[PDB]
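One chain comes next, on its own, written out as structure tokens in the form solved without its partner chain.
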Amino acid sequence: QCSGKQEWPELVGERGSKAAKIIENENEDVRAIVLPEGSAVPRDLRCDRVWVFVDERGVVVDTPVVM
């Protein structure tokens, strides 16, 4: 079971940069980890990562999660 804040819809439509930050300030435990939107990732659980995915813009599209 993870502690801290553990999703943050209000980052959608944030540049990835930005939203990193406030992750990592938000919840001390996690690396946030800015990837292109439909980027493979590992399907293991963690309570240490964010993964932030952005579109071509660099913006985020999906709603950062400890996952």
Contents of the next structure:
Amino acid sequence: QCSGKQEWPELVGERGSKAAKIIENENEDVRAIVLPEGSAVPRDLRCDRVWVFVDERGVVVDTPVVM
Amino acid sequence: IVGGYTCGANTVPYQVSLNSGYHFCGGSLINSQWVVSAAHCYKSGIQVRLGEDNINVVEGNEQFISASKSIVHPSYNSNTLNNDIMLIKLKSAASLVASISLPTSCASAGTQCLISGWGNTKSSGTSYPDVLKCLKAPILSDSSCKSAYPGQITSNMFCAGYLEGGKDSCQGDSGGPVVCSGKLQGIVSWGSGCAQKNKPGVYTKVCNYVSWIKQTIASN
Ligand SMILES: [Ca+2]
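Requested next: the structure of the form solved in complex with its partner chain (the form solved without its partner chain having been shown above).
Time for the whole complex; same chain goes first.
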């Protein structure tokens, strides 16, 4: 159980940089991290982190969530 | 842990949960006063939870002890996760829940190990378990490992798991134990997704650090 909004289905298909700003505005406790789709990541669990995975066109490729 | 199984209470006595309000990483108890975890699990005000099985229900074996200090490896690279190892000193000694021995030699590819943790149990989507999860998995050849993650594997890392996918560690498992024949050989560290084909788990190679561990404990 983390705090605030947890998932952004509406952002799939949006530009990464744009989604990151929206995410950080809608949940002030997280930082959005834009990564290329398929980027390797640490295996910790966080309530203050939202990965935003983008394809080569910088488009959000999957639902960003707090994790 | 995805594709694993319920360990059962007290079957992994060295397993530690790091808690900062919530469970965020695992760790391994190496003696009554010291825990080994991943450097990227560092934060201030860590509470160490030993004797946990179900992390959401107090069942009777828990010892919750504050971390008095958390020493990150001097050469830890937060970007590449090279030297992803951290020592945590307990404010008071744990009651011996038991410690796991350090390795005297590095394990070889093909060796069967036990990986465990309270990490996500889904390759896709999300599910966080109450009780401790275990996975038996082999160390993979340095050749396989490098091919899976070109340009990213250092001499301080090894891959373990299944190239065919389906069984892996996952977010929430970092810092936790990879134990092979009674010795702590690895620390859950990183990977691409969880349990994806040709994307096995990458682990800190504990045998490279035995000396740093001893010296660090002795001077702190
Ligand atoms: Ca418990």
